[PDB]
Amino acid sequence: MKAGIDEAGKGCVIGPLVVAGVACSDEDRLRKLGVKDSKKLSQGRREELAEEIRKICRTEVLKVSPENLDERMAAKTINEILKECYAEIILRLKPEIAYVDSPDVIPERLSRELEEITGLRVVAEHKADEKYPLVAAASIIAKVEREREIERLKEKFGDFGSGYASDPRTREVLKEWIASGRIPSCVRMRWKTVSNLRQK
């Protein structure tokens, strides 16, 4: 079959990196679920859509915790760590051709390095979920998995916002946490935002 791979949370300061792959025997059946315009859906509707996808397609999810992200980022960039996860998922699914989202606008390099690593056919593109149903589906699975984790974390540490440096709420909560000198484990320490916040 063919497969789509994508991720959720690459740019967050809080929470895990989630990478998912989706492989379907009936791509038309996948399209009927409306994966193409899944972006307008709510967290609840998207979660239901994720379940429908798992019912008709093989799915593989990989999660990297903040702790592990911090460990690996000493020797690698986040994008390379992503490529690592991508190849792992592609190797689980062993598809005929794998379509993957490219962090960089220019995809050629990632495609090469991935084909080199996997020894499989790989087509990468920036914002691939907006061009390939399989990728749109993989994107949905990753987001839902990420959100489930985020919600789990909020029950424990309170509402820290979305987890991205954008959210005013996230930055505010992030500042007090650092100030207290007792930062929750879900915060990515090797993240620029955090570094800068601590430096001052």
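Here, rigid core means the biggest group of C-alpha atoms that superpose within 1.5 Å across both forms. Numbering follows the first chain given and starts at 1. First, how it differs from the form deposited in another entry.
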Contents of the next structure:
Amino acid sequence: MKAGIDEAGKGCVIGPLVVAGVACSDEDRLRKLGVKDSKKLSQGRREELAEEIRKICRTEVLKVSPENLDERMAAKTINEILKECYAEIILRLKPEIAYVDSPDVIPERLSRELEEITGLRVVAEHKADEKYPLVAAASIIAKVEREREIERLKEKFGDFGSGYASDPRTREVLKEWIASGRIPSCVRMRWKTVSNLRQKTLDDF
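Next block: the form deposited in another entry, after the form deposited in one PDB entry:
All you get below is the one chain by itself.
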């Protein structure tokens, strides 16, 4: 069998890094599900689609907590951590060939490093989620798992939006959490790097 590997939450401020792998005996049946154009789907429809994937494919999920990412990032770049995760998933699935969505600009090097780590054939390509149904499926699984961990977090800390610095809801909530001096553990070290989050306005005086 072939397998597809992708991630969700690499660029997050809040929440984990989720890496998922999907291997199917019937690829054509996976195409029949409409994995290719799944980005447009609602949160509800994505959840349903993920359950359909799980029914017909073997799935493997790996989650790296914000705390563990911060720990690992001292000595490793996000992409190196991501590469380690990719290899772990590939080795769990043992496919004949693995298709990976490459975060780095030149994917050919990632293929070479992964094939060395795993000992299996690896194909890393930019935007592989929109070329290989297997990778698109992996993307769906990773997003759904991340979104459920975000939901657990919203239960404790309130609605902080998506968890991405681009989401204005996230910036609002993060701004007040920063101001309160009480920043939850789910918030990555990088929040310190996003400047606007600490810049106060003249209205606060």
